[PDB]
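Protein chains: 4
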Amino acid sequence: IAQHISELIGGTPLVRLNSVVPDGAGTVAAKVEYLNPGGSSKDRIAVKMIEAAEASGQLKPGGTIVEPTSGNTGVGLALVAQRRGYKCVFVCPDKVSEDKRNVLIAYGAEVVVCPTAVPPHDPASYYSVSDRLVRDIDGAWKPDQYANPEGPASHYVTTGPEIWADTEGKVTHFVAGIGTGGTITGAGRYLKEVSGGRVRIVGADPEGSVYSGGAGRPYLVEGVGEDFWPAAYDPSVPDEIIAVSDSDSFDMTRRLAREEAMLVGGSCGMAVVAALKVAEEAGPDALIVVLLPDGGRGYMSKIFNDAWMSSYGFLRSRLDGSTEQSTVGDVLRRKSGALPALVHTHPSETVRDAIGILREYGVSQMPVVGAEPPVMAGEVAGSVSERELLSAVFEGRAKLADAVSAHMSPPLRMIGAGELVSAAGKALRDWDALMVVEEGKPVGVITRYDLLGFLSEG
Amino acid sequence: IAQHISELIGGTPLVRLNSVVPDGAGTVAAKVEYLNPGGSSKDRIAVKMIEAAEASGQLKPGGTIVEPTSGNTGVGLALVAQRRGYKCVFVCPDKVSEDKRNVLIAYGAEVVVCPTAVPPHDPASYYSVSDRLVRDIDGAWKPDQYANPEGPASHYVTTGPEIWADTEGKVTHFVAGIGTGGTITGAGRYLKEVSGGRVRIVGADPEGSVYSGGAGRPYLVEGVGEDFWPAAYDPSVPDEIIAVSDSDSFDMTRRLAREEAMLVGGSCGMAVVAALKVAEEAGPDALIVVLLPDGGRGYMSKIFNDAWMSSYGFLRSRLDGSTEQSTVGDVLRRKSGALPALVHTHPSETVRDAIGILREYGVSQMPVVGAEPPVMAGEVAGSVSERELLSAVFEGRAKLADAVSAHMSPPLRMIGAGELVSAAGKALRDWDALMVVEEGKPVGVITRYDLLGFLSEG
Amino acid sequence: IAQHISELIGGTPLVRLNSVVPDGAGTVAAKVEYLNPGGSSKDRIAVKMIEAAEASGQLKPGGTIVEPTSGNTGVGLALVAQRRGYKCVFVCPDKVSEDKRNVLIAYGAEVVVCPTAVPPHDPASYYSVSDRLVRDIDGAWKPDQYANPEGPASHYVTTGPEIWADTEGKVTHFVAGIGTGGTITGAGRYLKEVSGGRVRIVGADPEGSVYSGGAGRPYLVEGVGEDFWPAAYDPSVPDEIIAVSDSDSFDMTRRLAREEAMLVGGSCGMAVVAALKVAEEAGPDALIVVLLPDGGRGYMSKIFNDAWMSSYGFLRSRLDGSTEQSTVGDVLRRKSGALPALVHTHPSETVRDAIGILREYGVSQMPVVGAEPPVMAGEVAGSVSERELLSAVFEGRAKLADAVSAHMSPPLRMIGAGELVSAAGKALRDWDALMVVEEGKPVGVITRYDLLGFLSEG
Amino acid sequence: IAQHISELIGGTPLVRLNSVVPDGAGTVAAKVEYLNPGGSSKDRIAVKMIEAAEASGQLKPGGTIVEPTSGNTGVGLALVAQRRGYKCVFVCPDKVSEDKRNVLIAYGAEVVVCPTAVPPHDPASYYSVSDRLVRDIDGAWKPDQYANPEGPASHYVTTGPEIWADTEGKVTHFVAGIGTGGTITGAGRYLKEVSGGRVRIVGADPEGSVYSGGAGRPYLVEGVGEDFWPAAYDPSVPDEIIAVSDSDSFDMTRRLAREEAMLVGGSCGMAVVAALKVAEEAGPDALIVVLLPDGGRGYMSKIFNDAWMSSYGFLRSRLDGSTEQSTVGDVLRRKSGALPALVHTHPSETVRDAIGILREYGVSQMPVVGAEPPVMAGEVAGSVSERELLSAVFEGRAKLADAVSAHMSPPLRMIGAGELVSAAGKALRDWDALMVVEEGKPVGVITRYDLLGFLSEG
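Residue numbers (the entry's author numbering), protein chains in the order written: chain D, 3 to 460; chain C, 3 to 460; chain A, 3 to 460; chain B, 3 to 460.
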């Protein structure tokens, strides 16, 4: 009977990947680290930092920890701290959802927030506020997980020994995502010390990070990647820092949760793809130990969602089935019925009336089609945009009281309404908007700004 | 004691314009004809037509008048017909106001509506429907005010003698707007028969009508102008057909009602402008008899309104006072306080994030600015449009997950907050939008589509 | 050739009512006074007051007239004043539409506004502001049409003589709406002086006014009625002050414009109904001269409308045809299609879920019908309101986490969806809301609020 | 190196509760179950069920599991089955969240949705559809976790021995939440067989379930309680079936996660409450082994949320700090500034006008106040509701065009602006609405509906 849920931190199992690794290569075992009591793989270093700060006389019983964390180290820190009763005060950027902050609070912490993407160096971002809070309060100890060797020390004393004792020294490679220069450094130091030089320490990294050898970027795989060099990462330990993309990372995460029964996040997918790319230079008789550093239940809205993975350039395929089964004729509903509204302006109505019929229906293009009955055939006189009328009314090239039949652009290209969004996503690659002919009679206008809004939500 | 309201149709007074006509020219007397029971001058034609069709046995007692009436002759026809109980069935295009049809019905008629701007001879325009009604309903009689000699005959019998009788034959000119070829035809015939050849029949017309010598056009001054030749117009009666624009016509209407105490409509202002322009080529000793054919109380929302005039490029000046006194700082409210929302996108956010923040705030432009809190000075890194991103994202030049700092156009020019709308309307003549700087710190972006929206509604 | 449109004020015709007066009574002639150059019958007194204040040395050329008028005397005052160029400044309550104020401005006046219904005696209503403006500016002359004998003097010198000279002293009665006395008092004094005592001066008045002998009210027939005794009204002149209702006034106005070809307002209808009620005590060989004091073009939105006359308890019949030809099944659209939304809460869903569904769908009652498919029969378990749940949740009689199956009221009565509103009103005359069964399956809930809101707009 | 993740199902740790149990009682150790690969303790039965059905030749290789699963057993079944490639087709009621179905699909299953709250045995509930699927699709196998002996057999073979092995037979009590009856029946038979009769098998249950001795109810603690008797529950195994409410269950869940570092769900809190209430009737020298069967990360928006716990009579106190620190002056914003609209109706306006203002300002009650400008003091004449007018206008007691000062109820009581919501709730426990006085001048009306809506959203 353990004395607290904080003693079960460690000894995480080591499962084997069956259906993801391609045939014709060695074994790839995946150290699953999301089974810790804190859910994450960073509660292994939180306990070590707490102990090294208590023993070395820096966190006097009664202090208040303070760390500008994101939401994955905060859980472990809060758990281990509230074991013995240390008030925990965090600092978070707005990029973190409400659910992660609710989790951080449910463990007995106090999470203050500062705006995200603000210049880190100023007193605006969370770094300056964290430093100020550390200075002011008494007893506060900012662990500074980025420049604290205790992280690598813990991953050296309790992660390296496990990966060795569980495989019996017959592990050739060790691929692990490198977010804060942690696991990689400690596990590499250990697996190189007590194995000679047989173990080659590979390291995964999001395509375009400092470690890979690139410049800054906005990141999506929360936890990995960086824009500078943490003082707790020996760049000499690793041997081949692979660089992986974000689409590949998310696809591998999804395929892993689908074919291996592991709900891992983004970093896990990136590490597994790096390994898979490392299982091609070493034939049989090899053993590559990936490290899955997180559990994929907080990402049920980011990756395993089907809209956020298409709000970007991701979503190679739908979560469980057919490619799209969605036609343009469905993009034009927004109410499941709301398309009895072909918005047209005959060739005689004054220009001001056309601009008004645009401003009223919140559209930005329309066919100037005679024969008012919206049942007409392809006999559309032309099209009148909005940015043109408003461009030919303020430059003097046309007056408000004029007839639209002298300031209308040629008709806009058309596509059938009963066709998937794929052909549209390619067709709007040459124009700005196109009509949707439904049985030969126009029924609406599909435009880029609408196509995105649909894809980005459904 | 008159035996019915429809007997006071005639003998309308003859007022003399005093403050409008410039000095140094003959007296410009304006036969003010909105004092008839029906309100306009067209009543004169109705009675004559009804009498002629009731004397020559073409409208048998119990018939049902039917005509595609413009709304002004409809009132006269309804009044005169309902004198004796002839059912009136008018056919009007949708371009007529609501109060106009309410006036037509309040007199006991029935008004059927048909679409406007459609081909005139199609099965949906009011001409064909009127012909169908005439054929089907027994006892029908389409007066056809456009090719009916009764019009000119009445304007000859009871509009000519009055002009020559209330002035003692001392009338040099007779200018009268020519819409259907009515008043001008008969009045000229008379004032030429019984005045020798001295009375030169001038005729006004909106610029761009068949009579003036132009082509088709969309008309705003209700009543005058045509796109064809009415069979009841002798083009040899007029001698000097002047042409007048619409802006000048409406300005003259408003100035006449402001300086002469006459709420005349649009054609009245056009006729007065034609007369004034004829009151310069003929020095003193001359007497010009204009004909004001309508009353300006139905136009109290069109020409005397301050939005319908500025929806177009009309509205030289406001009715009540100063020119505009409305600054851009006011153009940016839409709620009287609705600009605590400076919509920005920092240079690190993702392209998709910027597109979403454009689609969710109903805007189409926004400046990428660091230091999120909108209190910043002119140090805006740039401006990201909406059409670019949706064009740099579909062509392939950019990716949804790329940083916004690589697809942002240079900043957009800026203007002060307390500047009159005249300035902004000129300034947008070179760009498509511009910021509003208050003390130096931008607070919003004003765009053409918003400028015209503020003008045409306030 | 008159010298100004202000000289045509007077000599208004005297038409006879043909189809309104019941058979078996004398002749009822209606002095039609909406043919004046100023539109109404108040421009006689405007001219007279201008003359008196200019000749009597109280309005020095260059002064600025100031009068807290409503919008009917303002037109005449503005016309007569701006004849010679007297700046006109008015004061109006908010009860006057935009069109009337635009008319007042189009003649060259300046109309300032103050809130309506505010205590007249305070410095808030338009009376105090008018008095202040009169005191401050120099040259201002507030005519005070309520305590200025010039009104009755003008209606005595130019209205009484006309009614006599046009009928040749063979006029028994003279009924005229009263709302200041200027009209009944003057014409009454004249027709009593130069006719002995044969002429009996009847006077109309809205049911429940001071003249009739009642107390205050909110009035709808603009112009008539009062809440005190003006100093320009001899209560002895009239003989029988009839009292007429507002429904009768508006109905008679509509029927008069429908059967006599006169577009008169409210006071005209009230005067005509008073006369018709006076044409029953005097047998044949009598002549009653009503006075129609206004023209019905500004009331095309109030009376001749079909919603404002149903917003109140008026509208005995539709403007031109069938009674309603509108079924309850149409009251439930609000979008022409928007009734696929039967909002139900099953007997097991928690009370909080029911309150939430109510708060979300903006309804205030709903059937708790099992068998989710909204195709069920009369098998509805019951009904749940909102004011009850919210009354049984704050008093302690029910807890949020409870089951609605123990706090639901008995089912609500039902009516078929294909039936006119009339029966709906008669039914809701006994309950608060009722279901609309459409083929035996409920399709919605029609409530008093909804039915009233619909009637008051369509 | 494990051969598959589904092999790590078991051997879960045994933690000792320290800060929750009151002092003076035996040690209360809680077997924590959210450390399994599949999240909860519901994947112990999945492994045994799959093994038994694959050994006794009832799920032939290639079959397709089908079951109406609650979402927790679904995860375990999906993981274990997809170990070998058995297609899973789950049937869930709409009551389940979206992320839950996303978790089920992310594991390679297919989840069909069915309506909830409908009769359990009808053709629309998930039971009948699951039976249909089982019949039609060949190779189907409905595990029927509710009447399958495999559940208790597995909880007897691999959940009982662990309790007695990790404690060295020194276990006095074993309390475990009982729903479907699979853990008290399995972990009870063992601890009774191999401990004599000392181990009394206590059992928790939500107040109002069949087992506790009550009737049906709507449940909130997902997993426990029933409205019938599962065929896999031996009611003779338990000895003292405690019953616990829902408010207490959620409070204990939050307190356990705050003082013990465990994110357990609802049934975990219920079981802990039952244990604590059993840890009082047995003094020291006792050891109570609770069973926490779930992990509280899917409940991060249901029990740890501050609105869902306030949408009911739950939420004793907020997670982060002070009780409410939220005043009625804040309840009246809805936009953070949206009370510049004190909606009034002066005592002279018409009843119809008051109804119209109530309908157009989205309110349902308003104080009739003279001196319109909302700056007035307590001198309000009264208050007018909207149910009265819509009842005093349909019954006939009032006329729709009558003055509002004759159908207005007396004023409604008032409260300050800066008062805590709880005070407002207790006040509204007596009336249906009340004003908010700021400095003495009323500024708005707070009603039961608005208060309970502000609670359930903030």
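Keep in mind that a hint or two might mislead.
Note that the list lumps identical chains together, so a pair holds whenever it fits in one copy or between two copies.
Claimed, not checked - Okay, derived cross-link-like pairs now, DSS-like style, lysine-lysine, Cα gap no bigger than 30 Å in a straight line:
| no. | residue 1 | residue 2 |
| --- | --- | --- |
| 1 | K194 | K337 |
| 2 | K401 | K97 |
| 3 | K279 | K172 |
| 4 | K401 | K428 |
| 5 | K97 | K62 |
| 6 | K172 | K144 |
| 7 | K428 | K443 |
| 8 | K279 | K443 |
| 9 | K443 | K62 |
| 10 | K89 | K144 |
| 11 | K443 | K337 |
| 12 | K97 | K304 |
| 13 | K62 | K279 |
| 14 | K428 | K102 |
| 15 | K89 | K428 |
| 16 | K102 | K62 |
| 17 | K279 | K102 |
| 18 | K62 | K89 |
| 19 | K194 | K443 |
| 20 | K428 | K62 |
| 21 | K279 | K194 |
| 22 | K279 | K337 |
In case anyone wonders, no lab produced these hints; they're calculated from the structure.
Task: Numbers of the earlier hints that this structure fails to satisfy, in rising order - done: 1, 5, 6, 8, 9, 13, 14, 15, 17, 19, 20 and 22
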